[PDB]
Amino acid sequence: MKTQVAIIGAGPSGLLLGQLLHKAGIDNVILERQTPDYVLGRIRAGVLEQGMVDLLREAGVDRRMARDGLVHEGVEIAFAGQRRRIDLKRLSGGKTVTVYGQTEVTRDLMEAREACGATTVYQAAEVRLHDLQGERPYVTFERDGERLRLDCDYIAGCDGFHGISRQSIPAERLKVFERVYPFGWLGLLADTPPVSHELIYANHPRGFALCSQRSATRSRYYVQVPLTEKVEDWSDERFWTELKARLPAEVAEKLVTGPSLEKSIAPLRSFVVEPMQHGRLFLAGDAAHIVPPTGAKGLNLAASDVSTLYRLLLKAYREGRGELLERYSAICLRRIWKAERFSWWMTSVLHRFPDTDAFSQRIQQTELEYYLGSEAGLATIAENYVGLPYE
């Protein structure tokens, strides 16, 4: 078989890229290691930047989002016995963010793809990439036990952190930047009303806590935990008690608790690889970079990489301007580094780090006081949180 663009991975990155390309008349095949059900089982992110919202509308997959998504104009930060609200709309010049689950976004895209008849091969095992620096690269994989070959012009690696695509680039061509945090986030999804209409990030002496939501009757909470903890050590009862201990009393008393629909621990990490391409292979999303979830940039960076790759492929196919594809990494990296800096800052000011001396604790508190108390300070948070403009 042959196609124009081969896409490895059927998470939001690959599905979004595949839908945009399909609509533009550029044929693409998506290869996914897992089953549709397995992909839809992942909870993950819940905050979308306007750029991604617009991209979804452009891919023609925004009906349910427009209907069910919640537009937020602010967010709160609680620390040292106080709650500070950042008016994102006012401080960013009218921009806002939309709360709509990643699971929902993925489901919307999967439906759209199924309906349009574009090619998607689930359970594509042992995917391998070949002749990346040739005129005609190709992908091989096994279906049922048979090894198939897919010829193409370009390959988009949208296979996440553990995908085969980043592994397929000669190690000596890549420059990796990484930072692992000494803690993870224990998240819990519950069919209960959110404790607030906006998100509450809380820096507490016992550790970080985050109150989020998915809808009016679905909440998503997180608590910072050491990397040594295992989810089976945390009953729902234990989680709720801990969450409450980390929240302002007035918030903790309004909290409606209930049984978890999902509960898991995800460790924190920062990761960037440079460049993000090699020959006919272009990396996008988690395959190229990782940000701690504190700033809600993961899914959002996948969106901007895809937007950039899609527009460059359009120039290549529609206008015969293939040379522009060489600029992919430079364009994406500029946005990526700024989002990595913000996520890192967000993480350092909201979490409790092990082995912190007195000076550092005081500086962490002063960072909060300064940034949340100055108009210019609030503005730096807001503009970064709503998301810097696409290039």
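Positions refer to the first chain, counted from 1. Residues that one form lacks are left out of the comparison. Whichever C-alpha set is largest while still superposing within 1.5 Å between the two forms counts as the rigid core. Compared with the form deposited in another entry:
- A 2 Å or larger CA shift between the two forms, after fitting on the rigid core, occurs at just one of 148, 71, 116, 249, namely 249.
- Once both forms are overlaid on the rigid core, the distance between the two CA positions of residue 262 between the two forms is 2 angstroms or more.
- With the core superposed, residue 298 shows a C-alpha displacement below 2 Å between the two forms.
- After superposition on the rigid core, displacement of the C-alpha of residue 194 between the two forms amounts to 2 Å or more.
- Once the two forms are aligned on their core, the segments of at least three consecutive shared residues with Cα displacements of 2 Å or more between the two forms fall at 192 to 195, 249 to 253, 262 to 266.
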Contents of the next structure:
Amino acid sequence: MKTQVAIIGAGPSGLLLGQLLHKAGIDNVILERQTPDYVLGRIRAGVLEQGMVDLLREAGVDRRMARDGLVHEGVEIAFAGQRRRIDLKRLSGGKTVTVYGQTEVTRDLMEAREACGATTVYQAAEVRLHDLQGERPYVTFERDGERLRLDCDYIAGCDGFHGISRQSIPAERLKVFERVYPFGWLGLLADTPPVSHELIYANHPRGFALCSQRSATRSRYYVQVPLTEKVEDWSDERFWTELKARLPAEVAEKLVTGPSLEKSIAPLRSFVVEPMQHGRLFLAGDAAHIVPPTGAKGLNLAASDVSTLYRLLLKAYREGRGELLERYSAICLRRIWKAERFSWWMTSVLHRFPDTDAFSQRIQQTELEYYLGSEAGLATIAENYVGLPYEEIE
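Having gone through the form deposited in one PDB entry, I am curious about the other one (the form deposited in another entry); can you provide its structure?
Keep in mind that what follows is only the chain, not its partners or any molecules around it.
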């Protein structure tokens, strides 16, 4: 087969770019390993910064999110004493965030893609990339025994962390940087029970807790836990009792529990490859970098790069030129780092590491006091939470 851009990866990155390109007139084919269920059972993110919203806007998840997603103007951060509110809008120069839900923005892209007639080879095992640095790359997947060959012009890796694009890049051509943090996150998606209205972030000595939403009668909760320590060991009841355990007056008559919408899980780290490019391969999303879940970045990360991948593709196709397309990893790496940074700070002011000496934790307490206190303090939080500015081009 022949298409322009061949996408390995039907997660949201893969879909947006596909679902961006299509609208412009640059035929793409999504190449996905799994079934349209398994990707849809994947319950992750809830927070999308604007720009990834405007992006969705500049395509399609207008209808349903304009319709169904809580737009939020603040967060709260509690830290042994009390709850402290941020007011993102008046701190951020006037921006905010929407809690739509990852698995939803994903079902809409599979929705809208389905009706355009744009190609998507699901259950495609053995994907392989051939001819990267070449003038005509080609991708190869098995749909039987039936080894097929798709010649494209450009291959965009939206494979995710455990993808095959990244590895298919001559290692000496790459530069990794990564921190595997010592604790995972235990999620608990429950729906019957109503939430506590804004996001509550928490620095309790038993570890970190996080009350979140998906709907107005749908909750998303997490509590920091050590590694590989089994979930088969957690419980609804054992969850409800520990979450409760790390909160204030938000936690009792106020909180309502229930059995978990059979969603419960794990893990976190920071990782980044440099460069995000090879010949005609382009990594996007989790293929390229990994940021701790704590600053609601990652999907928001993948949107901002899927953005450059696409505008850079317009000019290639539509204008004449695009070696500008070499300047991609350049634009994207700027933002990935201020974002990686924002992510670790959050990670480390809120989390409880096995180590601290009364200085490190003395330091840890004081920085919260300072940032949650100073207006200059607070605006550094706000500014990064909603999203730093986006990007250059030309």
